[PDB]
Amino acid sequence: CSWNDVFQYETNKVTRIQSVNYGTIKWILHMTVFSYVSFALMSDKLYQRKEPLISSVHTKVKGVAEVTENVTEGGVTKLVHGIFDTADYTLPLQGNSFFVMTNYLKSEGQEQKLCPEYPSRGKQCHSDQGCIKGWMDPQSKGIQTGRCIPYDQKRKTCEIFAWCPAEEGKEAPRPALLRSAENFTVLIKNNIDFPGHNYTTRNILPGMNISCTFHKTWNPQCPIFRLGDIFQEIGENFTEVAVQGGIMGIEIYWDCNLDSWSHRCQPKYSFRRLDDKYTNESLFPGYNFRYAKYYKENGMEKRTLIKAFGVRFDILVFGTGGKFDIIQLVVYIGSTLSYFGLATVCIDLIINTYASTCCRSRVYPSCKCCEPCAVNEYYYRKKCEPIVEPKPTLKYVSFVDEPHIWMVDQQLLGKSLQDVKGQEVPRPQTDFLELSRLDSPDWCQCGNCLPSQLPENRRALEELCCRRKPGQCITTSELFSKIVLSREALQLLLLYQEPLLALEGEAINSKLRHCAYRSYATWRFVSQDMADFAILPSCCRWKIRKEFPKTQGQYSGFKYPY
């Protein structure tokens, strides 16, 4: 590795075509790609740096309801009138989610003692020996005891040490008690912060009347909601959900750009139902949970249990805030360049397809409209230089009677040449700038061939004739003796390379002979690549040998050039 090898810059080589069709196609594709990427950049705001948000939600529910119920306690039933305020139908969860009671089922006066279990469907027992001591299972309000007692006249149930009077499995009461909760109100206060952009805002703005209510079109940016409207917008019925509660969800979409020329950051409110739309025959249809209020009277602990059915609103906050940024632009321009190669790849594909040489056969005479596209063939000739790898089996042969050249890339295995065939190939056209300057063996149709002198193993390659059919030989013409066998022209060609060589040298003869071989190939096999592997016939070879003979040893043959 030398210093001169470090400064070498390597550059691709191209060809330029002046055509209206390809130019129009190229510019159309470039313009539409530019339009697409610009539209995407302007729509999606890819020039902006986007960042997620940090949210904080606070909720306040308001409303009152009345209830009238035949309540039981100590075996005494009586109609009681009660009121439910905010502190009674809500629990202090203090988060994004909040709860609202719509129906309840309570049992009061409970105290820890022995009592019979309420006989449910299939829990009857009229045998004191059937029960088992200290056995617990789900759907059981207590621990079982070996004894037995009657729950009522003509009723027999197992004893249990638990809270008594034990709660009895009841379905939810329909119509609900707190169906009036369809008229309650909510207030949702959301503060959102983009830290990276250093922006903070809130859904509430100055001047809003607090006696407002959210409507989809009338008053959209009023954070106060009505619990009936949330179900009305979707199509659900609150009076049916109240009996067996169900989960609801609110979504607050924040999408805005923190640019001075376009600064609108407002929340969009949406609603969704997360629970399954349950019906009769469903398995687990309702949302419910139990909770107790403890107390004591006359030195004895007691509780009041409440199974509460009610909705649950799961607030969901998601968004992204964008602001102008310069590096994202550069990142996008870096990506567009790969897309910009469509015209190049498409037009190259069109050329390579239309230069197949099969279209001239059938599709062109059939259609009769795509004729001038044959022009593309010319482009291929000015774009693709086809070659072939050199190998010892590579040979070329030309016959004067035929117009084309025959390549041979196969071993002989003793067979005589010109009896084996190979893929045809056409000869190239001569550079006209220089052209303007001006008895016998069985395998010879020429009559003038000679047998080979090489060994019996390698001589079959030398078996050849100038003409494949009989009638004429190449060496009988005059151009042959003018070009090849002219000693003066060959001496001139040798002087053109080495002008100071001596013409009286003894070993000069062979030198001339070598040139004569090339002087044949260039006549027939024009290309130097095709001429290095060309093989002369026997007649021309032995003519040249008799004009330029060797005496010391036997003649050699086709030596591999490398």
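We call the rigid core the largest set of C-alpha positions that still match within 1.5 Å between the two forms. Positions refer to the first chain, counted from 1. Compared with the form deposited in another entry:
- With the rigid core aligned between the two forms, only one of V61, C515, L29, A531 has a CA shift of 2 Å or more: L29.
- Relative to the superposed core, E463 undergoes a Cα shift smaller than 2 Å between the two forms.
- Core-superposed comparison between the two forms: the CA of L41 exceeds or equals a 2 Å shift.
- With the core held fixed, the Cα of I192 is displaced between the two forms by 2 Å or more.
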Given for the second form:
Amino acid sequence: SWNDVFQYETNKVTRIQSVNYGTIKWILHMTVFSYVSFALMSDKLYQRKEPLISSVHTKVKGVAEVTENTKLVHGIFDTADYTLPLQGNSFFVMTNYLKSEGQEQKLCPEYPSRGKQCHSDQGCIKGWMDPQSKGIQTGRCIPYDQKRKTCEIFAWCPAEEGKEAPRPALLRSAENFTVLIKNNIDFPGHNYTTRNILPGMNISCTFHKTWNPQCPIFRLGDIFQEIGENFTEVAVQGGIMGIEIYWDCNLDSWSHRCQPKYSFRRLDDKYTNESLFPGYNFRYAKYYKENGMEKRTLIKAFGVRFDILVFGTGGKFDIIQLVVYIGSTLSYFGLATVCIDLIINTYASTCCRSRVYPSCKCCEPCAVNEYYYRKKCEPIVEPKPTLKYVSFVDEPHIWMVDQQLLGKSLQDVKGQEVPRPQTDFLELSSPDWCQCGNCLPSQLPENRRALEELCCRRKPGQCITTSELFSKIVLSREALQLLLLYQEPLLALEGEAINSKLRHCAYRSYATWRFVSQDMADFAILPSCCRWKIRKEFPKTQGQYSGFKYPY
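Since the structure above is the form deposited in one PDB entry, I would like to see how the form deposited in another entry looks, so please show that one next.
Coming up is the bare chain, nothing alongside it.
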């Protein structure tokens, strides 16, 4: 069994000598290679990509000059007056505010905010919580002022919820503020970290798309401007602005590039419905005691929340990724073989020589694919008991009958016409169904008698036995003896077994002569006339003829 281990199977091939097929093969190979290489390089499919982990540190710079009040009061706003302590992925800049000082929890009328006017106590409902006015109604309409009445609520009073944001915005000068963004990113899998500020950077720069795309200092008004947003208008009600930091990082030494790209995107919907809280604000309370009572000052702060959005991937060469990609693409190099073999198979068909070619003489030189197909494919049939081959001296072709004989003579049964082989010129150099007058009834049992009910021809005429070739090949005892001696050099030409050997050799000689291929000759069926002439020449002294036996 060891020898069976040390075996190598190699495919048999036909190397074709063709300009067209060679050119097609090479063009297709180069097309596949070019595309797979382009996909490998463009999409970096030799790299393992890793998402980043980010830390953000923001610092807002700027002082706003304002004129509040009546009287003209001049003041300033510094960072502690308009920012929250948070300095990470989001920072808030106050641009507008409403202040309610000295609030007490008691009864008061609700602010008449765009539809809260009340005409009678019927409209007001006692005990009903209003999340807008932020109080509990008493069910009594009372006069907010000398012109309009509003429902009475138990709330922090005076109640100013629903009052409109000041216009113009009090801290609209925040458009001139600047924010410095410090961004640390890391790729833990690749063990790589970098930051967005490197040594040698200009400290007096301000970000610009073209002139200063790497300056991490942003004027807020410029942020709004770059994407066609108006800071002055957004300042009244506030909003949410996205600062996007994209890191497309190549960590291969020969192609190292890890730099941030800055972009801006408004994140709050401009057309948010009035009942859905348009803009951005929060309510901040400062609590104190005065006049022996628990009081509160309410700040409604409007402004812009800036969300720092940091995203990206880090690419480094990985062997496994490259191997997987190459393997995924290897099968595409069979395209040339598939296409050319399809061409060979299609143009070998007969439908072309008879139908396509007369209509179009351009694709007639492609008749050479018949030769290629003959050289490439060997058609064979499954050897089954019903397989039979018959040849008629009248016809030039062979008939295949792969069906049972249900008592019908094989002469009448129809089959599939198949062609005769090339013959290897180098080697060479009164039953009713009968139409020859020499056939005899079959001596087999009636169950399998139809197999032998066969004549040399389908139409009346001379029997094939009359030809001298028949006697030379089939009936010549010298020729059969020579063949047997070639197979068995020391065979004994005596006994009743020699007659059986000669009869079998004569059968095989007729079958090879009239069918050429051993594949057909093995399942060929001899005509009755030839069969009985052979048997007469080499008769069985005692016993019954078995006839055709299934080889498998």
